[PDB]
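Heads up, the chain below is alone and in the form deposited in one PDB entry; it's given as structure tokens.
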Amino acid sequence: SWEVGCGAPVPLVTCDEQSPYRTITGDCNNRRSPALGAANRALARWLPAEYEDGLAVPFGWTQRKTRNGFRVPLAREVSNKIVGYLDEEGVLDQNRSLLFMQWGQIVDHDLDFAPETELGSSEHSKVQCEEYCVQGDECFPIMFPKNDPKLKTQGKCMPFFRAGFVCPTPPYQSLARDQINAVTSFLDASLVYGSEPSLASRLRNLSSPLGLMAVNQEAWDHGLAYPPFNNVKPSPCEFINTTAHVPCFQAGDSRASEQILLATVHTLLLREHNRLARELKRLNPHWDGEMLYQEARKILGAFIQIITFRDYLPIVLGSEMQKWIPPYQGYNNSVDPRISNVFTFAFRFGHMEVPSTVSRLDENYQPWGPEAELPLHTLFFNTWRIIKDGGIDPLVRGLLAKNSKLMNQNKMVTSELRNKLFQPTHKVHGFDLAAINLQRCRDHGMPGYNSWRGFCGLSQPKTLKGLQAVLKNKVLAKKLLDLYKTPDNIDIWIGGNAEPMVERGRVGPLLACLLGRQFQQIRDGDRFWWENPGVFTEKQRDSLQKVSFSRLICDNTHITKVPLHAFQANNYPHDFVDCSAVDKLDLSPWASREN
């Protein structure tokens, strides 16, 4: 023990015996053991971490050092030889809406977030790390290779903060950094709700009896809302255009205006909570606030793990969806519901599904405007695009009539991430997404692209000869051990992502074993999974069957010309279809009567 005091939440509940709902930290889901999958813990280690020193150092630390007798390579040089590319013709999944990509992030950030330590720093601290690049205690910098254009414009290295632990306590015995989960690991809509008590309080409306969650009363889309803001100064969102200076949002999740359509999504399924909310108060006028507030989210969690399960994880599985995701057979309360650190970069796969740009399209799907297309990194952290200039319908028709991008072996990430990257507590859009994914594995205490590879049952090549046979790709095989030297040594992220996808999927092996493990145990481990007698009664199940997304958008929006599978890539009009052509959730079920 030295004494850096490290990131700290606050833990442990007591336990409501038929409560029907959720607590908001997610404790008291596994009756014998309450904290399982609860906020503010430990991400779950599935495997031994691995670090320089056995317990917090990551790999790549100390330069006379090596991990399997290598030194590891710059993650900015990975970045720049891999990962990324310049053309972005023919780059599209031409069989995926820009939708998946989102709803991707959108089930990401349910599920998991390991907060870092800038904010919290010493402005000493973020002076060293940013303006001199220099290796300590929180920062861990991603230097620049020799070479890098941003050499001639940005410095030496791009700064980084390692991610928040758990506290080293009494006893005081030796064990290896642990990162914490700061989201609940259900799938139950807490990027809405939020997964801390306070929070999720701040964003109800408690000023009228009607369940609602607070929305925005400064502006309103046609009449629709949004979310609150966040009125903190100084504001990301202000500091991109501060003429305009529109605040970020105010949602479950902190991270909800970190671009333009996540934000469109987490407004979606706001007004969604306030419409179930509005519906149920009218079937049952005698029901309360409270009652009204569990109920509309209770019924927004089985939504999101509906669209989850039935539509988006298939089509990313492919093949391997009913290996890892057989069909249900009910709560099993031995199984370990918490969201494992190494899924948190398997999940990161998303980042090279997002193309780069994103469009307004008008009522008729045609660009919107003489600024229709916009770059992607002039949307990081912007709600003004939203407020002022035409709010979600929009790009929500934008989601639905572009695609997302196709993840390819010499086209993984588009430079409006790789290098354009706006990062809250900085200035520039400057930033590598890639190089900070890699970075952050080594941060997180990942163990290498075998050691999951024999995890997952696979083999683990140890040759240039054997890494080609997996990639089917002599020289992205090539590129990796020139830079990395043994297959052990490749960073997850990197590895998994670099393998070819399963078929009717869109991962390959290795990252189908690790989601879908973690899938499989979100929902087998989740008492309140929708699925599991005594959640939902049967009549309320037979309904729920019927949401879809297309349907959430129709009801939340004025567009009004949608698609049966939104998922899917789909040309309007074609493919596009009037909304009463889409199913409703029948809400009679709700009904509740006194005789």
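Numbering follows the first chain given and starts at 1. What we label the rigid core is the largest C-alpha set whose atoms superpose within 1.5 Å from one form to the other. Compared with the form deposited in another entry:
- With the two forms fitted on their core, the C-alpha shifts between these two forms stay under 2 Å for all of 169, 334, 243, 207 except 169.
- In this overlay on the rigid core, residue 122 has a C-alpha that sits 2 Å or more away from its partner position between these two forms.
- After superposition on the rigid core, the Cα of residue 589 moves by less than 2 Å between these two forms.
- Once you line up the core between these two forms, the Cα of residue 12 ends up 2 Å or more from where it was.
For comparison with the form deposited in one PDB entry, provide the form deposited in another entry.
There are no partners or other molecules in what follows, just the one chain.
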């Protein structure tokens, strides 16, 4: 009831009534409420935020302050006692490729980003949080538990800064704190093009009217494009090897270079766009740059939606797919297309799917070079291994023929992430992605596990044995009740991820509910969904149905043997076929001649 229209937004945004393209910012999608789904607004609250003080202070902020009559355990302790494991044998997913992991991260990055508010120019509390571990305002450091190895080697904390929040971006008053989504809620390739007109154009090739995306001129991949460098300094991709002096790449999403396989997939995504703007030229040489760009962008956005919705989600959601995501019925303007705050946690299930190492594979899909396989941690913010060691193709082969990690209740998150995560301002390959996830739940005012079980029409355990029966695991359940002392207090990230996988999928009931709703809402709520009548011609929509990730690979690399189904486990040379066995993206229906 308070501040019904609050915010310090992207202000002067008006709308074209019959514009055939999405805005960059995702604005003007919904007509009755054109800011719905747009970047740089609040994340949607499916449930009222729960803060220590009901307003903004995170649970665990204040010693003496309990949640339902109990102290919440330290995030790094939940990490250590529950999330970690030593043995990487037996952890691989026998029927999911490493690409399965990778698409997840892509899709996710297109949907949401809640950037930390550090927001200082020449600032003392930057290094002050890291150095001295002094909690305060936006500094909310992850403290070590007693007898934690990182005490011996790193200090007293890992640093952590609270997420951005709307309206008063510096202080706060009388409505609960709400974190920002810096990207568009729609599945619109915002990670290739940007979610700011400012970025969107700094990414374009405006030097020649072919509507191409700007490429790299310093370096090449057998005459294939690289994303341009991001010439901002301090660059972390330079920080990881000062000798190579190779910076991070520049993409529509800022996180592209966090790891080499993410960078890799961003590169396939750039080329597909350029490849598409070239073909449109040949068939429509009368069209200008802008339209070529837009029609390419339009084509790529559909491509991501099909792949995600036809190929990705059925094998994440499995049995719960149809329940939550009925086949398409058309655009409904009453659907909230906004990504919700809990989804930015639910989708972090992908964290448990990341394995310990990355391989590079030659044309016989054999260990490319002597150091073919590398540990994941040496590949954070590492572009130098792409430009100075083989291109994209060997890695794109790694994605096809190696396996995602399997989630496992006794082996959750690998140490490459749980202990050896590199973050940009800091220095050591020494952080804990699991600790962070949990600190973030609290920072974001997340309701606890039972609220969400409640929300999803599932039983709400109150006892050890109850939890045992739901998790189908005595020991896990025990360690959790020992830490959290009531399921009501269990952080949703751990809680949802602890539940056994549903038949034919890769998440448990609760997550499939959360994920399920969200994806349903983003498709049903999108005036520009590829299948929404009048978005494409029926002719255009029949060429669209035949895209594949395999074909994306074939059209954009020099790989000539691919699986038919890229997300399932594929073994070479058995499950591999020559590229010409594979449907293409016919673009005949896009030719629009003068008469």
